[PDB]
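From just these sequences and the hints, can you work out the full model?
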Amino acid sequence: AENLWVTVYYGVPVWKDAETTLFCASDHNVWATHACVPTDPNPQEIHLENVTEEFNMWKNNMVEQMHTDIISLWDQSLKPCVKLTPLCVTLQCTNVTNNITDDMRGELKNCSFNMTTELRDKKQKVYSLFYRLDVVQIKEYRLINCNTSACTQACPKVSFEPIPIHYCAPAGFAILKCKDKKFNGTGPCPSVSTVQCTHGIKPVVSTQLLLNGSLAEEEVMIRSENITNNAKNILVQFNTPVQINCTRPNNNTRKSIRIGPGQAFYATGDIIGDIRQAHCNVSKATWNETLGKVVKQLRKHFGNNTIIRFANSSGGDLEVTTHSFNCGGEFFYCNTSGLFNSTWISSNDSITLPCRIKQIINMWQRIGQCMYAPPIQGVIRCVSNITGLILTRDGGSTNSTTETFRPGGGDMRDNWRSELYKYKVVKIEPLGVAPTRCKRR
Amino acid sequence: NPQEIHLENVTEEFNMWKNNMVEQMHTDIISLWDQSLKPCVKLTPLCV
Amino acid sequence: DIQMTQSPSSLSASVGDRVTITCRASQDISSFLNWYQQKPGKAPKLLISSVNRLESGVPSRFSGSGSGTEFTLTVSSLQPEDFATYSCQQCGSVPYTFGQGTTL
Amino acid sequence: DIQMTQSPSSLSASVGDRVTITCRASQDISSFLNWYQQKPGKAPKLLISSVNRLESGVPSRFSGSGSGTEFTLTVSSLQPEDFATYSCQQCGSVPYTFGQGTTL
Amino acid sequence: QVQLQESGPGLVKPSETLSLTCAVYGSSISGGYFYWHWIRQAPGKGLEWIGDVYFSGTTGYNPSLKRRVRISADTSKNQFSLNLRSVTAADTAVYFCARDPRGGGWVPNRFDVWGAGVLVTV
Amino acid sequence: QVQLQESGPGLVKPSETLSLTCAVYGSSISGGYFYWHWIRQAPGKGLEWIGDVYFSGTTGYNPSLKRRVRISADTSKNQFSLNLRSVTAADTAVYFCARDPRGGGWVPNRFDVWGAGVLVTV
Amino acid sequence: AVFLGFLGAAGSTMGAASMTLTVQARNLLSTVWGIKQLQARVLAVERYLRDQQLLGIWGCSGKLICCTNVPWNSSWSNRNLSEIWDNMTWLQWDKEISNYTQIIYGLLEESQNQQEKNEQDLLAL
Amino acid sequence: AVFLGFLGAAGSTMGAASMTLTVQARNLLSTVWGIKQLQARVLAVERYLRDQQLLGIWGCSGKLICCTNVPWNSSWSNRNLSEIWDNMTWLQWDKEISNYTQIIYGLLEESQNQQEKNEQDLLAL
Amino acid sequence: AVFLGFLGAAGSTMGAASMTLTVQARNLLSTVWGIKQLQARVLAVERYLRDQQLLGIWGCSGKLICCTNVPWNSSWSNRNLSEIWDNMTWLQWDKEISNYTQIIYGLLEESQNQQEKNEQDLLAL
Ligand SMILES: *[C@@H]1O[C@H](CO)[C@@H](O[C@@H]2O[C@H](CO)[C@@H](O[C@@H]3O[C@H](CO)[C@@H](O)[C@H](O[C@H]4O[C@H](CO)[C@@H](O)[C@H](O)[C@@H]4O)[C@@H]3O)[C@H](O)[C@H]2NC(C)=O)[C@H](O)[C@H]1NC(C)=O
Ligand SMILES: *[C@@H]1O[C@H](CO)[C@@H](O[C@@H]2O[C@H](CO)[C@@H](O)[C@H](O)[C@H]2NC(C)=O)[C@H](O)[C@H]1NC(C)=O
Ligand SMILES: *[C@@H]1O[C@H](CO)[C@@H](O[C@@H]2O[C@H](CO)[C@@H](O)[C@H](O)[C@H]2NC(C)=O)[C@H](O)[C@H]1NC(C)=O
Ligand SMILES: *[C@@H]1O[C@H](CO)[C@@H](O)[C@H](O)[C@H]1NC(C)=O
Ligand SMILES: *[C@@H]1O[C@H](CO)[C@@H](O)[C@H](O)[C@H]1NC(C)=O
Ligand SMILES: *[C@@H]1O[C@H](CO)[C@@H](O)[C@H](O)[C@H]1NC(C)=O
Ligand SMILES: *[C@@H]1O[C@H](CO)[C@@H](O)[C@H](O)[C@H]1NC(C)=O
Ligand SMILES: *[C@@H]1O[C@H](CO)[C@@H](O)[C@H](O)[C@H]1NC(C)=O
Ligand SMILES: *[C@@H]1O[C@H](CO)[C@@H](O)[C@H](O)[C@H]1NC(C)=O
Ligand SMILES: *[C@@H]1O[C@H](CO)[C@@H](O)[C@H](O)[C@H]1NC(C)=O
Ligand SMILES: *[C@@H]1O[C@H](CO)[C@@H](O)[C@H](O)[C@H]1NC(C)=O
Ligand SMILES: *[C@@H]1O[C@H](CO)[C@@H](O)[C@H](O)[C@H]1NC(C)=O
Ligand SMILES: *[C@@H]1O[C@H](CO)[C@@H](O)[C@H](O)[C@H]1NC(C)=O
Ligand SMILES: *[C@@H]1O[C@H](CO)[C@@H](O)[C@H](O)[C@H]1NC(C)=O
Ligand SMILES: *[C@@H]1O[C@H](CO)[C@@H](O)[C@H](O)[C@H]1NC(C)=O
Ligand SMILES: *[C@@H]1O[C@H](CO)[C@@H](O)[C@H](O)[C@H]1NC(C)=O
Ligand SMILES: *[C@@H]1O[C@H](CO)[C@@H](O)[C@H](O)[C@H]1NC(C)=O
Ligand SMILES: *[C@@H]1O[C@H](CO)[C@@H](O)[C@H](O)[C@H]1NC(C)=O
Ligand SMILES: *[C@@H]1O[C@H](CO)[C@@H](O)[C@H](O)[C@H]1NC(C)=O
Ligand SMILES: *[C@@H]1O[C@H](CO)[C@@H](O)[C@H](O)[C@H]1NC(C)=O
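In order, the protein sequences belong to chains Q, S, K, X, W, Y, R, T and P. Take the first sequence: its letters are residues 31 to 57, 66 to 141, 150 to 184, 189 to 309, 312 to 321, 321A, 322 to 397, 410 to 504, numbered as in the deposited numbering. The deposited numbering puts the last residue of the second sequence at 127; the count rises by one with no breaks. The deposited numbering puts the last residue of the third sequence at 104; the count rises by one with no breaks. The deposited numbering puts the last residue of the fourth sequence at 104; the count rises by one with no breaks. Take the fifth sequence: its letters are residues 1 to 35, 35A to 35B, 36 to 82, 82A to 82C, 83 to 100, 100A to 100F, 101 to 111, numbered as in the deposited numbering. Take the sixth sequence: its letters are residues 1 to 35, 35A to 35B, 36 to 82, 82A to 82C, 83 to 100, 100A to 100F, 101 to 111, numbered as in the deposited numbering. Take the seventh sequence: its letters are residues 517 to 546, 569 to 663, numbered as in the deposited numbering. Take the eighth sequence: its letters are residues 517 to 546, 569 to 663, numbered as in the deposited numbering. Take the ninth sequence: its letters are residues 517 to 546, 569 to 663, numbered as in the deposited numbering.
Calculated directly from the structure, the hints in this document are not laboratory data. Take the hints with a grain of salt, since some may be wrong.
Pairs of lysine-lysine residues, derived as DSBU-like cross-links and limited to a Cα-Cα distance of at most 35 Å, are as follows [as the list claims (entries may be wrong)]: (1) Q:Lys232 to Q:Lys252; (2) T:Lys574 to R:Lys655; (3) Q:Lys168 to Q:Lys207; (4) P:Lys601 to T:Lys655; (5) Q:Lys502 to P:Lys655; (6) Q:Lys46 to T:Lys655; (7) Q:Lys46 to Q:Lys117; (8) Q:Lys232 to X:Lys39; (9) P:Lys601 to Q:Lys502; (10) S:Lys97 to R:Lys655; (11) Q:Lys231 to Q:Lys351; (12) Q:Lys490 to P:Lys655; (13) R:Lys655 to Q:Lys229; (14) W:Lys75 to R:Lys601; (15) T:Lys655 to Q:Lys207; (16) W:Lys13 to X:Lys42; (17) Q:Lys168 to S:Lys121; (18) Q:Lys231 to R:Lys633.
Residues from chain K that keep clear of chain X, each with C-beta distances beyond 12 Å, as calculated [said to hold, decoys possible]: (19) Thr20; (20) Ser76; (21) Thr97.
Every residue gets a Cβ at the ideal spot worked out from N, C-alpha and C, and that includes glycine.
Set out below in structure tokens:
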């Protein structure tokens, strides 16, 4: 009676969630563009209609692959550079005394030591100004890296500035993008498109502040895997950027001293001018209005009458306890306590934060690999945007109306999850079987 | 037994100065020499 | 369903006068048009077919012209029996729709 | 080429009053009718589809009824912004012809 | 956010080809879900369908203007164009470009999003 | 430089197989642009055809000798062979092997280059 | 220029989506980072070749819409033609018979084998 | 070997060269240095598979000479048959018809899809 | 669950083993260690594609049992059908005609080319 027969369809529009290996579409630097595919000048976007797809921000395989790829790129770029094993000698250090300011006291020390030279059977006495965080007492000091592992001095030519890296899928795979505004990263997105490649994702590294991130088009947005549970972090994406400018006013000098045949070590010379602490300014009014938006959006979830307390970082290592970022060839560790110090209940001045500059950089929370950064000649200024935040709720006795959110971080996946929250990877299955009145022969 | 197929009544525009094969061979030779020099002693102590 | 419009919708003229009635079709009916001369009381009687093609059995006074989407029927000299209703016809595609009818 | 006629061709009413507009098609279009709305200046905006199915994003006051060769759009309570020119559509056969347009 | 914008000469000598390009920001013409129509409305008259074009080029024009019109859609830059030849005084109208969710058998011809509407006097 | 060389028994006992191997240095047999003919000339007579062999094995022999002849061609070694069986006393002739641009139909059959010319006698 | 509308008909009904199968078929084929790209390409090639072999085993080689001669058992789906080709989309249909796929493939395979054997037997006579 | 007589008919006319398509057709397939030969093999495989996929989309799968049913627009070339097959070579023909190749490819694709739909609805009855 | 009896009919006669070709046909496709694994995959893909190209050149594309019109010369083998399909196995048959394989492939290739040319000539009318 049915007289229905199987029919095979090829090229069917059906897909399933899957994980694969994406590659570059970038258009000398640490983020190697040569080992990255070039993109087309006319990217194609196909906006699917009457389809709703279940997105999940916290189960995306794109962010883990991006983290692994960034680590691999960092290691590959650091491999062809001088290894500073001879520079683990004992240092005779004294405090600086010329043009020293009160803030920059108990700080960069004039150290002198013997080091090898081009000729093996000879030594040279050299001097350099080493920041306090780099050196540690055994009137003699040793670098902090000495008992952990040797450093690979980052080569001067390669620049650390982020460069966008457009991710793409291989053949037979598609990148779905959720255009639905006010999308919280999880659940059914009704507005779906297919993109040949992702947008320009700048591989910026930072903690407590997502610098140069993607801005929300609607308002401040709060995202969390489980907002009820305080263990999981909370990502806040702003709708407008807060302009922030950091600077190291000291006019440092770089001197190259030969530690071996070909290998040359770059050292700090004379601090031309006055020794002043590196400082970073952020607008007070812009910060106030942005914080107002954040507290409103957080009250949307945590109640319309609860008190919102923002306090400085709890504690731990320097990298996670302070806003640590990199720009202009220098790594700053600015202390964010004046920003996240306020309580909320139902003109031209700006907040100035102090910044400490390290050289021995143990990034990626890895042990056994350090990244002594050569000094940068001249004064460094760095203007950037703040468009994100990573906040953690202090659980425990917060069952009452009290709510205390503090800056967090440590893991760099949250930085990548704020820009890949809309991209998902699917695999197509062209084969399909249906009923039809056909009959072969 | 290499095979050579002679083509008749075909005129082809050659340009020795735009041959990618010569640059490919140059890179191949440089890479081969660099690879061949890898498993050999390094004369760092000689700098005396 | 091509729509035919006859202009003027209704006119009054004196005997022995040249008159002209134009017919406009929404689409292009090419050369397929027939005019009809329905006398009050009596059934329609064919006068002109296929643009002009004056069919045998009528005086040579009547004439037809035009093409495409515009056609026209001209009576050279009005006669006492030429006081009937002129009508169009779209004889080029099913269904065949006539005009509104112009009464003299 | 189905022809649509809207009755009345133009009406005036007062705020907070019922109003009804009828649409008649020469042929039988089953239930393939969509009621549109064109505020002066800007482009038409769809109000109702498939006679009765109300498109998401309109006030519930609008309603549609009928079948066969007769359909009707009813506004239960007139509102100040409901002073646009409603139209009809033939969404069941090529070509699609709209109505003349009734101005409120 | 999906909309359409029309461009072209707003005034033309009434004997030549008339070109009007409608470009859509939002959905894509390449996707086989929407037909792209070219509804027209003369002053003091109702709407009047002209033609439509699909992503595969299977276009269909109004029988009244099956000879004087041609619709061409280019998906590389995601737009379409109406070329109306032998324009006359009857073409003084507002030329809207509309989107039809006929692609997919969910609903019949259901013009939902309309362009701004350019009045091409002639 | 294109040339052909013939080898084989220059003198044989009548009434058995006669093998002539023509090898070409130059244009390749495997190329479909050429045919390889086995023209013959007896003393005091004119040129006479025997047969031709193509790269794909579509050979054609003279109607007179359609039974007593067999032409083969090996492309790996790039040479062809003629086997004339039961040769009589009237088979004393100069056996040329010639090229023909029949393939690549620009021109009709046209023997342009010829072999040196062996002097088989029987 | 080849991408130019990939998928697109995902939200369309099965019947309408079956009219744009070509656009979804052209895009199914096209130190350690070179290995990454190479492995991605080889995986895509292997998947495409497996799909092509599966299509060919059923006798549908070189056809986008090829319908076989095996019957549609009612247990797989009781939905009728009027409600499957005009009311349901391809994703929902795939999710509905996701667990009744292997047996259909086996039936198609054995039916094609039997058809080829019958053709050989008939042509031998 | 498979390289025997490769190309060869490049200088031959189109008609003569069309008789030796097999020779060219069968020659299209066959630590850092490993990634060179391996990548080259993968590239050749990908190119051959893409070309085969295009042929299958056009409905000429498994055929060397398979002539379709789409009309030849005179705009592409006004030359008559006698002046192309017996007077022009393949290289010159390719250099001539290069701007209209993609349009012809699209026409072939849409024609094959329409033919498949026509056969489907014919077999439905 | 795709292995499922690989080479199961190895000891079977040719006639019996010819009924299970699909079982053996579906298994042909599926830092330095990754290189070796990927190279093995690429080698398998290349072998399968060369196999498919060889099958297609003979006109047997998309067919597991495809029988052509080339006559069987008695020089290759003198055994009759009764002593082949009912008395011999596939391995013995392969070993018996191992030295008459290339000429058969060539004959099939030219036969298919001639068939295509004749079909084109007939269809031209
Ligand atoms: C967020 O984005 C902003 C804008 O892109 C970004 O500010 C940029 O920072 C980079 C440094 O990270 C600046 O680059 C410098 O630009 C000056 C000119 O203004 C150049 O003279 C500099 O040259 C140095 O570097 C060269 C390459 O190493 C050397 O060859 C040379 O001798 C110099 O040493 C350098 O290129 C860039 O100018 C700004 N752009 C703007 C508009 O301010 C900001 O850094 C980003 N945020 C973060 C956290 O990085
Ligand atoms: C969007 O898709 C939904 C279903 O995915 C469509 O809903 C169908 O609408 C038709 C016509 O109104 C009904 O006959 C069906 O019963 C509905 N099915 C479901 C599951 O709701 C909807 O029509 C589509 N909209 C558009 C504009 O294409
Ligand atoms: C080599 O190719 C040329 C053309 O490229 C051939 O010249 C043709 O000769 C025929 C003779 O019948 C003429 O009808 C053609 O008009 C010629 N071509 C041109 C472009 O004028 C030449 O014959 C070829 N050589 C051989 C040996 O065949
Ligand atoms: C440098 O200053 C710090 C802070 O006053 C002091 O603790 C330290 O002893 C000083 N260094 C020396 C060598 O005295
Ligand atoms: C460097 O070598 C000299 C030579 O003996 C020695 O006096 C001096 O203390 C050394 N420097 C150190 C140990 O920092
Ligand atoms: C290296 O030295 C620092 C400072 O004395 C010390 O805290 C650290 O534990 C040492 N490294 C290890 C692996 O113990
Ligand atoms: C995210 O949104 C989805 C649907 O919009 C909702 O079901 C889910 O509860 C939301 N989760 C959070 C943490 O807001
Ligand atoms: C920072 O935000 C401003 C806001 O308009 C923008 O113009 C500028 O390009 C941004 N800079 C970045 C992302 O580096
Ligand atoms: C979030 O954490 C709370 C902790 O009590 C738990 O009860 C809840 O199930 C979690 N959310 C989900 C979706 O599991
Ligand atoms: C540092 O110490 C050296 C001697 O080791 C001395 O010459 C120099 O003036 C001191 N100050 C600076 C800024 O280098
Ligand atoms: C930061 O603000 C302080 C206080 O007004 C000012 O002295 C300093 O120059 C500012 N620096 C920058 C880079 O804006
Ligand atoms: C530095 O940032 C402040 C806000 O913190 C802003 O008012 C000022 O214009 C900025 N100066 C620059 C970018 O030179
Ligand atoms: C932000 O501005 C409001 C406006 O009066 C003020 O009450 C509040 O204290 C400001 N926030 C600060 C100073 O953190
Ligand atoms: C944070 O602020 C408190 C006072 O509000 C201060 O005692 C503490 O040292 C600051 N830093 C940390 C890491 O808590
Ligand atoms: C930051 O500055 C505040 C105020 O001087 C200080 O109490 C705190 O210890 C500093 N460090 C951190 C991590 O907050
Ligand atoms: C927060 O800022 C105010 C204003 O400068 C300051 O008095 C206070 O000590 C800071 N810390 C806390 C915990 O309030
Ligand atoms: C830093 O000092 C050097 C010393 O000559 C000078 O040339 C340079 O201009 C100084 N930097 C700035 C920003 O002025
Ligand atoms: C499906 O359509 C057939 C057609 O006759 C009908 O008999 C059956 O009742 C329908 N079933 C459903 C569930 O609509
Ligand atoms: C197979 O899938 C259908 C789809 O709804 C479901 O009803 C059925 O229970 C499933 N059977 C098994 C054995 O999983
Ligand atoms: C082919 O070319 C033109 C017509 O296209 C004509 O002059 C010529 O004679 C044609 N060839 C033949 C054989 O008619």
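Evaluation of the provided hints:
| no. | hint | in the structure |
| --- | --- | --- |
| 1 | Q:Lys232 to Q:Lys252 | holds, 23 Å |
| 2 | T:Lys574 to R:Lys655 | violated, 45 Å |
| 3 | Q:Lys168 to Q:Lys207 | holds, 29 Å |
| 4 | P:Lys601 to T:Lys655 | holds, 24 Å |
| 5 | Q:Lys502 to P:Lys655 | holds, 32 Å |
| 6 | Q:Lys46 to T:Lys655 | holds, 28 Å |
| 7 | Q:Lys46 to Q:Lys117 | violated, 39 Å |
| 8 | Q:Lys232 to X:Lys39 | holds, 31 Å |
| 9 | P:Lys601 to Q:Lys502 | holds, 19 Å |
| 10 | S:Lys97 to R:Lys655 | violated, 58 Å |
| 11 | Q:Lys231 to Q:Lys351 | holds, 17 Å |
| 12 | Q:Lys490 to P:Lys655 | violated, 42 Å |
| 13 | R:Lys655 to Q:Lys229 | violated, 54 Å |
| 14 | W:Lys75 to R:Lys601 | holds, 31 Å |
| 15 | T:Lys655 to Q:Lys207 | violated, 62 Å |
| 16 | W:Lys13 to X:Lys42 | holds, 26 Å |
| 17 | Q:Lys168 to S:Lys121 | holds, 20 Å |
| 18 | Q:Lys231 to R:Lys633 | holds, 28 Å |
| 19 | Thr20 | holds, 28 Å |
| 20 | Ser76 | holds, 36 Å |
| 21 | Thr97 | violated, 10 Å |
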